[PDB]
Amino acid sequence: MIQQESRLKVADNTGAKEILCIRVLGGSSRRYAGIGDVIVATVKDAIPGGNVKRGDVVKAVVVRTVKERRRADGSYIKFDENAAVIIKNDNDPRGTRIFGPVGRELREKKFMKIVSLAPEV
Amino acid sequence: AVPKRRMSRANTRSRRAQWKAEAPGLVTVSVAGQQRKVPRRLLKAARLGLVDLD
Amino acid sequence: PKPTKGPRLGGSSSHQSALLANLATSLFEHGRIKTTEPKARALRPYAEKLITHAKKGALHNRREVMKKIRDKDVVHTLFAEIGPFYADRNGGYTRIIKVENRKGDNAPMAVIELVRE
Amino acid sequence: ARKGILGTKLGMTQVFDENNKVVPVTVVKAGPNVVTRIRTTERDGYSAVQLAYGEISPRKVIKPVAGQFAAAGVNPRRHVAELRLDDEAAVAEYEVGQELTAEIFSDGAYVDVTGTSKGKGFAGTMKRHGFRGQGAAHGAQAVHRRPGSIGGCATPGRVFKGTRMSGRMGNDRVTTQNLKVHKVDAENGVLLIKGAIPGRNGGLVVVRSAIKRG
Amino acid sequence: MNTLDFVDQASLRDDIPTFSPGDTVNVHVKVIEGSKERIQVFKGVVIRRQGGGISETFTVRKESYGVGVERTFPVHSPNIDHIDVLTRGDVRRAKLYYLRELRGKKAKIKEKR
RNA sequence: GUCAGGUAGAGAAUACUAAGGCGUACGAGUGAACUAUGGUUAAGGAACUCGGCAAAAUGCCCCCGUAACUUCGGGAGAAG
RNA sequence: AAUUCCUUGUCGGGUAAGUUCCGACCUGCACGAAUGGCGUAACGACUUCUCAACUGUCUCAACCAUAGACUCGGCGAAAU
RNA sequence: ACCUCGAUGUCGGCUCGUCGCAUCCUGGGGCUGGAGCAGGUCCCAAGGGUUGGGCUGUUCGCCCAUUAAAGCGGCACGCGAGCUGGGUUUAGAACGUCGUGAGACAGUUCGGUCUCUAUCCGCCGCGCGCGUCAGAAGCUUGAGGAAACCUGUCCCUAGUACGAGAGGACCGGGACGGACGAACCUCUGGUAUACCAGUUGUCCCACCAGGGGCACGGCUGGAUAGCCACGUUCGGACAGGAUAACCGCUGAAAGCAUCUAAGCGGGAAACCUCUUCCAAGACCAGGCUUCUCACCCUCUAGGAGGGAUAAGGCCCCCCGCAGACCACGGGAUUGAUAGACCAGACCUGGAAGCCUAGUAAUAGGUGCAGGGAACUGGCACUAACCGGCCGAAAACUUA
Ligand SMILES: [Mg+2]
Ligand SMILES: [Mg+2]
Ligand SMILES: [Mg+2]
Ligand SMILES: [Mg+2]
Ligand SMILES: [Mg+2]
Ligand SMILES: [Mg+2]
Ligand SMILES: [Mg+2]
Ligand SMILES: [Mg+2]
Ligand SMILES: [Mg+2]
Ligand SMILES: [Mg+2]
Ligand SMILES: [Mg+2]
Ligand SMILES: [Mg+2]
Ligand SMILES: [Mg+2]
Ligand SMILES: [Mg+2]
Ligand SMILES: [Mg+2]
Ligand SMILES: [Mg+2]
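So the sequences go chain by chain: L, 3, O, D and Q.
Everything in the first sequence is counted per the deposited numbering, starting at 1 for the first residue and increasing by one.
Everything in the second sequence is counted per the deposited numbering, starting at 2 for the first residue and increasing by one.
Everything in the third sequence is counted per the deposited numbering, starting at 2 for the first residue and increasing by one.
Everything in the fourth sequence is counted per the deposited numbering, starting at 2 for the first residue and increasing by one.
Everything in the fifth sequence is counted per the deposited numbering, starting at 1 for the first residue and increasing by one.
None of these hints come from the bench; they were simulated from the model.
Just so you know, not all the hints are guaranteed correct.
[Stated by the list, open to error] Label-pair restraints from in silico Cβ distances:
#1 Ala72 (chain L) <-> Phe161 (chain D): 43 to 51 Å
#2 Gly93 (chain O) <-> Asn2 (chain Q): 22 to 30 Å
#3 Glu100 (chain D) <-> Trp20 (chain 3): 55 to 63 Å
#4 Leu4 (chain Q) <-> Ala138 (chain D): 40 to 48 Å
#5 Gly131 (chain D) <-> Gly32 (chain O): 50 to 58 Å
[Stated by the list, open to error] Some chain Q residues near chain D, calculated using beta-carbon distances under 10 Å:
#6 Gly53
#7 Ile54
#8 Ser55
All residues carry an ideal CB built from backbone N, CA and C; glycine is no exception.
Full structure from sequences and hints, please.
As structure tokens, then:
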């Protein structure tokens, strides 16, 4: 359940180590953002000499959350590390390669690129 | 919070009459040949003699 | 042994267990106890469970009885004298009666006894 | 038109749809119901049908209810409810002594259940109306869970009759509308209402045809 | 007695192989990737099993790419078609939650030899 | 002001206990809200607040290793 | 600037966001050399900011045991 | 300065709301220097919503993400017998200035007790007594009140209408979103003070083993039941009647004209039904049914009084997810209402003993073993008892 002022790892090759969610989108006032939800964050720590650096506000899709997420068939999914992937302007993974797994919930729409880039699920 | 005015005699007695008691129901019991009144709650104990009768 | 579902009988926790243990001991020792209504009510199932353990007592049950009762003589008599005396009764060995209240605190008083038949 | 029957809330369970989707349902024992009385416009002034539910021995039934059931021509029951229809043309479909069962509802339909919600006793404002608790630190002087202010300084005088305050919640009649009837088992006269209906287990409830989606 | 047994047994699932928490197991789950009913394999260790009759569930933990994933499934769910237990587990607890902080040599569990 | 037992513990602190002294003076029940002391908690982890205010966090014995500065003692039990 | 009313003076750093904080510019209403001018190694239950952990302060509230509140028996005030 | 200095506690922040539209949006309409999207202006419309953070006490204001919106005001610049004390406005001390001085500076800076057991009205819920012309028991129409009224993304129409191009529709439908509220434990989690297992210190049951008290339930791994949300469903309607702005139809006064003077229409989240709840103390005290529908005594028969009864109710008692008490619901020997016992589901992890391998801790068969409270079905083994109290008709007029 990612919300405002929540730190979370980045799964990409953009240098950003961990970002900090600012506010959730897709609603007037959304408290939490589960798997497949886009949010705005700011790079708090990145690899020296990377594309993005500390202080650059960007957008990222919430994937690989920690809290349990229920499916339509009664199953549940939960990871051990709150992560996300920095998305491009409209809809695209900012980067070239993903490292950690991704939740199948991303398959809703417009995330086929991320689903194919993620080497799992 | 303190009483501003003096409660009237009627306003006092109307509620003071509520501070009453309810008499308990009695039951006739034959013990040692004599009949005596004991509530139904202690009726069972009256037969065995676990209820002192002054 | 059902939870009291509310404020315990004897002050705070860790005391109701000892109270029930002492009450069951006194009951199994004397054959009749006179206590408060709620105390006897809470003791009824405790005493019945102890009596069932005694009935089933062949081994490993003396330990279950001793982990709750401390009087060795009381445990011995409960295991020997009572023993199979209730081997035919399929439960309900403790009879509860209500008596007149005592002075001072108007606490409903009850009396527990062991059915003899 | 507006079908209806009385049942009992047994418990909630899960079922699986044809597409491998989980569905939480509630089992309602819509047992047989006897039609006792038919209130018409000329007799009372409205179209309604009285249904009975629950088994009861003839010893416990009361003499007035016993005489009423005798005049109706059926045996006594525990609970008695009444369903108010919309017209005499619809109320004419029911007759005294008729027996209704769970066959009156088909799979996939929508119903509106009515029951008596559970009782929570004297619950505070935070539990009654979802009030927002105050600060638990920074000097809170015994205001952790009370609402606090109540109205205007000196203009209103009264406290605007109808304010949300502490009291006894629950234990009132509630109606959950637009519940999907998953399945109807005729062998046992049971319905699988999609969702959670009000009322405790083993409590009487009234299922009726939906109004907004009937 | 499970009063609602007369409604649960109608949908209960048979051919459920015996399994306990701590035993290595792989489950085959049906998925639809763009109108294509395929079978995905998920291999791991059963960390718990909450008994609820028809609602009985079981969770499996798997380490992949240095990241742990806990997947919970209902035992009698229809989306499953195979639950193969590869090696039994010799554990003491009933809900192996403590495995959420072990890695590799520490996360290993014994087997019933 | 004087007696200073034992068990772990560096210890007259801490937990229990030997002899000794007490259950001390209103009591019995009731899962109401609420008042005050503790226990627990999925996710965020100071985002509440003027203010990390209160709780929590590091906390003990043996070792590797400890910066800027400095009046050369210290910082230092630094940190890890 | 515990000194500046104009002032949230201007630049750089910190946070995505800083009337707070640090250095500099000097336009010193109304700093200034024993009512001392420039800080200090160590230090302060003196004030402020930031940094890693941490937690119910908060999102967001939820339950458990105690003494009251609640019922019973006895005693039995109060300010107005 | 007209009550108030023999006391009306002053600014912000938290909880709590109430009311107006000079309306931020949602809704409708007129004019546009309105080709369309996107805009400017006006009229009606308050049913609903009107975010989270950094600065500074702050109100206010700036900035960061959004959002159809981050609206203006009254209610002692709402709310301290609800809270906070950050500042203002006590007592201490310092900076700069003022005065030879004690001291002062709507200049600054560090700190600086927030009292009261609710008397009456007001409010949230629950009882007692009586009335509804005999005592009651069931099912209900219902005046009159309470509850909700939010809204965004994408996909067809249609890359069509429009438009040189860029750009880009109204209307009509479909799918999916955020918030609020109701229900529930079915899934996931939080709580489990008589539940299971590991363990440090200590004492004890003579001693080993096995157990018990204390140190937060001593600490954790959990933990079925009730409750809860972080979990699952459900409400926002559709439709009908009359309207504000507006658009109109036939039409004179005034041979034409005109939405009006006589009439007839469309017209919005506004108004009333329509969705949920309460409601016959609604004193017009309601309506449809059923049971009892009969016994004595005194006053001097005018009426009244007492006693005893039928249905019914209540008292005592075992209990509930019903509950502060009260009250509600089930039962009471013609009974599974509760306690116990058996069995099932479920929780916990492999119990005491024997034997084996190991000098040793420890592991292995007896063992899905032992233990357990809420969930369920049987079983009268135990308690609902040989038991007590209230409780039923003046009469008269018209048809
Ligand atoms: Mg407090
Ligand atoms: Mg006031
Ligand atoms: Mg004393
Ligand atoms: Mg309590
Ligand atoms: Mg927490
Ligand atoms: Mg955590
Ligand atoms: Mg502190
Ligand atoms: Mg900050
Ligand atoms: Mg000076
Ligand atoms: Mg000096
Ligand atoms: Mg008293
Ligand atoms: Mg005065
Ligand atoms: Mg207007
Ligand atoms: Mg309306
Ligand atoms: Mg803030
Ligand atoms: Mg001073």
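Of the hints given before, which are not true for this structure? none
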